[PDB]
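Student: Once you've looked at the hints, dock chains A, A', D, D', U and C against the given chain B.
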Amino acid sequence: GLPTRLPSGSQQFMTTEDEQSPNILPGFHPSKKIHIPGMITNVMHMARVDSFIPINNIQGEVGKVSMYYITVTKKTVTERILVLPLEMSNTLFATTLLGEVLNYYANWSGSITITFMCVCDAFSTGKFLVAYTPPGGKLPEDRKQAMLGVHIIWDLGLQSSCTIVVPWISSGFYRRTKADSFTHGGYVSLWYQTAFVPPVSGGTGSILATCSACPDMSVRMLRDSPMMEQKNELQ
Amino acid sequence: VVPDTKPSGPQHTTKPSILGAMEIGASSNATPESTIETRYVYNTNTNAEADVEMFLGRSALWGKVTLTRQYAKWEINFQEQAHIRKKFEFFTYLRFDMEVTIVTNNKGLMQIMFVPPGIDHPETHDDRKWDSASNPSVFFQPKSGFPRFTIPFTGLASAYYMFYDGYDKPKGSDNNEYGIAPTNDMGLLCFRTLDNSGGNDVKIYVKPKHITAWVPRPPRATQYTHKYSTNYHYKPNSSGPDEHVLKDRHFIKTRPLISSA
Amino acid sequence: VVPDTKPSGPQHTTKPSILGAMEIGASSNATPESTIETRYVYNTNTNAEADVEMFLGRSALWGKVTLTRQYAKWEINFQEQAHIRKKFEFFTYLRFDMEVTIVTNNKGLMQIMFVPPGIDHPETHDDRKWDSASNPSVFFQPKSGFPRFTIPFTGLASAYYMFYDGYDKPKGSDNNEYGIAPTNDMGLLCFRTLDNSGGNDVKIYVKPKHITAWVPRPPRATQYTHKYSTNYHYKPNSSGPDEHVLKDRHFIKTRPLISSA
Amino acid sequence: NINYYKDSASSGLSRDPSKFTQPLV
Amino acid sequence: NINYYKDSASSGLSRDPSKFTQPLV
Amino acid sequence: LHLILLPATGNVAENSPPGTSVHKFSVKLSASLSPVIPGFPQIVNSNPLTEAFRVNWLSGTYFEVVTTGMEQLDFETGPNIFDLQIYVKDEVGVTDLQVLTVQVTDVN
Amino acid sequence: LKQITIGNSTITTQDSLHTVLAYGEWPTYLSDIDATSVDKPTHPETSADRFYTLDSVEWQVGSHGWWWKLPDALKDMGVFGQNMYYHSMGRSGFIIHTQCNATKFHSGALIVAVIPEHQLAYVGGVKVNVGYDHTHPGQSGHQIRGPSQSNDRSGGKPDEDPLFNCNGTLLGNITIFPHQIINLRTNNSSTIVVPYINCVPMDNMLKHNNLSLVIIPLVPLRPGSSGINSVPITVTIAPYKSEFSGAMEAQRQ
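Protein chains in written order, with the authors' numbering: chain B, 1 to 235; chain A, 19 to 279; chain A', 19 to 279; chain D, 28 to 42, 48 to 57; chain D', 28 to 42, 48 to 57; chain U, 20 to 127; chain C, 13 to 265. A prime marks a further copy of an entry chain.
Isolated chain B (complex conformation):
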């Protein structure tokens, strides 16, 4: 007999191992593999498709389609319209394609895209300042403070969608998915740059927002997702 030894870890069943198993039903011939359009090879390719953010998820809107847009108007003074804390566990991102893929993974490291679109008439125009306050920085609460971080300024005309690329600013190499105080991601605040001027006195505009991942986004340490529960028994 050839001398073999059974080290520790050799009569166990680890769910995430990679072993070969005896084929029950031998000689079995599976049906042929035909070309079905749309084949996917990587879930990050799902996490790179823009999906709307429920930016108006207040207690009266969840469950209604009106939780996907907020209403902007002509105000004399600048105001903070909207804040999106970069937390891939926050219900803003944790329900989109980006967030619902990233929540299966404990860590994520890359750059985000956020595409703002204004749905209003063809005569309404306006400028907005989309600022991203880097990690460690307080929520701006004044446009003079918000415009010091990574920001852009997008017009409104003949083209309605604009993209702020939240760059990868971090100390560590990976940012935890469940947002904590050590790896927090900062905030993305949307400010009236000059106004929103509609063609009438009380006109309104409805702003949407989608999120996706840049090609350099990565994830690691697959886990359970907190975005699914089972309390009952499926019968």
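Keep in mind that the hints are not guaranteed to be accurate.
[Stated by the list, open to error] Taking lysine-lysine pairs in the DSS-like style, the calculated list, with each CA pair at most 27 angstroms apart, reads:
| # | chain 1 | residue 1 | chain 2 | residue 2 |
| --- | --- | --- | --- | --- |
| 1 | C | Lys139 | C | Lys219 |
| 2 | A | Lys253 | B | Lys64 |
| 3 | A | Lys221 | A | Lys82 |
| 4 | A' | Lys91 | B | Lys231 |
| 5 | U | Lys43 | U | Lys108 |
| 6 | A' | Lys82 | A' | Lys187 |
| 7 | A | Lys265 | B | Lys64 |
| 8 | C | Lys219 | A | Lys189 |
[To be verified] Between beta-carbon pairs, the in silico distance windows are:
| # | chain 1 | residue 1 | chain 2 | residue 2 | range |
| --- | --- | --- | --- | --- | --- |
| 9 | A' | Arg57 | A | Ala66 | 58 to 68 angstroms |
| 10 | U | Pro37 | B | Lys138 | 41 to 51 angstroms |
| 11 | D' | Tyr31 | A' | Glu41 | 53 to 63 angstroms |
No lab work stands behind these hints, which were simulated from the structure alone. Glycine is no exception: its CB is placed at the ideal position from the N, C-alpha and C atoms.
Tutor: Then chains A, A', D, D', U and C, alone, in the frame of chain B:
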């Protein structure tokens, strides 16, 4: 690996790589080199833990049974455990061999008979149908071993239907069955104990391998209610005089004020 | 190997290889060939048992737990066992994969679920959270086997912080957490028994491998008091009317008289 | 790379994003 | 030198003192 | 000031009586506890122009949008959607405008 | 500008975007390496492949959406429908064209998506398969009617909540499907080319609906300064590279 970051100086361009269009149904290619001043960053992260093989190939739990009189039966399906049913309902069509492992706390000598579709299974232990000539069976002693065996892709099509928008009988029929229920059955496993020693809890861990997912979908955003049924309206209290109130059970949390979070 | 000893005759030199300087912060290179008359000695000892790999790579005990109702939980940390915490606190930054072995005196069928950070663990046995789809789990029968599995380096940085001189929240914050506590969590292991057979004592032996230590430090010269806290003042008697007396608990023994030892 | 069961279905785990994110003509 | 688990992190144990004792310019 | 819960959408029935509710919003007082001017919050403008939306006062710091019925809602004729803007304003004086969108259901 | 000509019919547009090509594949014929029946398939190629324009729907303030099942919507549209009823099997790609134009005073948006296997959820409660008559409404479409506790529950009515895609998945993640948006500010139409997406070469055109066209008013329709409170939406679908096989009697009754 993921691509490196390229440097980018101050640019004054007349072709904005920022102003795209959400209406055209295409996502933006805007990398941070388009918005800010980047530095070259040798970036070597891989999404190797995200590809379908390593995403789904993890041998989750598919079903539990309980040996009542040294006998229990389970029809193979991923529809009972919501956590893995969601990861599957990510995609529309899936093609995979599966590797079944039985974690039983029983002690003694058990038998698993994989009953292919269309025949009668043993309705109890010490049934005559257990002496089979061709139904593949697995004997094992639970102490010293976890039984495991691969079922190749038994499809009757080029893939599995995770969602099926059709019926199996023509229009005027009466017992039409919506969904994927008729599209496929993977047989069933009949467990029995020949001894009397151990417990009755049997867990069936199934690992999809050689996966090939075909059409992405919006991941399920609501707790399930039934199997094969893709309903989501939960009827919580069938007894009380509110049975006609249907909870929703979604995962969208609300915040107190926008522009403050 | 260590270098051989070279011969050295009587030397009358004007450059003393003995008179150095302690103030310059450099140690002296004085080998015994500088002070006395040596002979050539083929010296072949190796310090192979002292390099960081073979110094720390020995699979010490990291934590004990006790299965209360077929359930126990342990958050991975080297902070509870002083003997190994000292060998780690030798260095400032450490980068290592770790190999976890579970020595349990239980009998039956156990399950270990390695819960990655950020999710909810099963708060008890027969919890619904045990049927997981992606949390890697380890089943084993304690008789006939010791379960073992490697956790690669899960760092969120290029190394582990053995000591961290900073906080995690800005200045005005209220629950700031000094030390290495927020810098990293390695998840946790949830143990449960599916049978009822054995004892409840579970020992977790963890072996750092592929180590790369980064900054040496003065080894801990005082018995620990808390975890993650690097305090050393022991408050021995909290009850009695001396609670405000703090022992020191160092290891410096005293001798009766110098110049006599 | 050995296959101990002399069968393809018995092996272990096996091993372009523009189909989405740009499905234009 | 065989690696039975076809992975780097699964291997066994792997394998100038002047940075200290002389850190002078 | 911060108008709580009012970027939002309302729903009124077509043959709605005068006084029926549309939405319920509240107001945060900017953590210095300066109360609201007794006549405010009000409605400055409507989107196409409208009356019969009066903002009443429920008990406390809760307000409510209520159709006063001086103008009738006939969905089978126009207009069908209104975008009212609400102007809360406190003692020290720091205004806040927020927009409430009102849709008129189609009562068969 | 744009112009799309299939046999016998032409589509023209003036403020139109880039045509979406579902999953980057054009509709093609069934290659011999992928076929499984032996009978020779029939190729109409000019009387089936043309733009059948279904009924126009009314986009009002408070319309929640409409969904058309395909190829069920075309079951009585010309020789395409006649071949659907006279052949055991069939496959076809489609060229879905949506049309809605209002003005430079109107506002709003529609998320026009194409869901493969849009398995609809039951309108709630007990485990009941949705009725056959409801997931096969024909060309008339199906108005979504919005969520409520008072929706009828008899006969397997499908789900009426447009936020949960009527199937349990959140809207806004619908953009993973081949989709487009009709923003009345910028464009007034949407074109989508969809190949035959199904895990089997051909299947019965009546029992199974591969695609589902879903049009949801993402943002309501403001009339602005103009007394026009509603706009008609028209859906012009055209089979393309369609082929049927297995002739038999009409599967009508």
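Student: Among all the numbered hints in the text so far, which are the ones the structure does not match?
Tutor: 6
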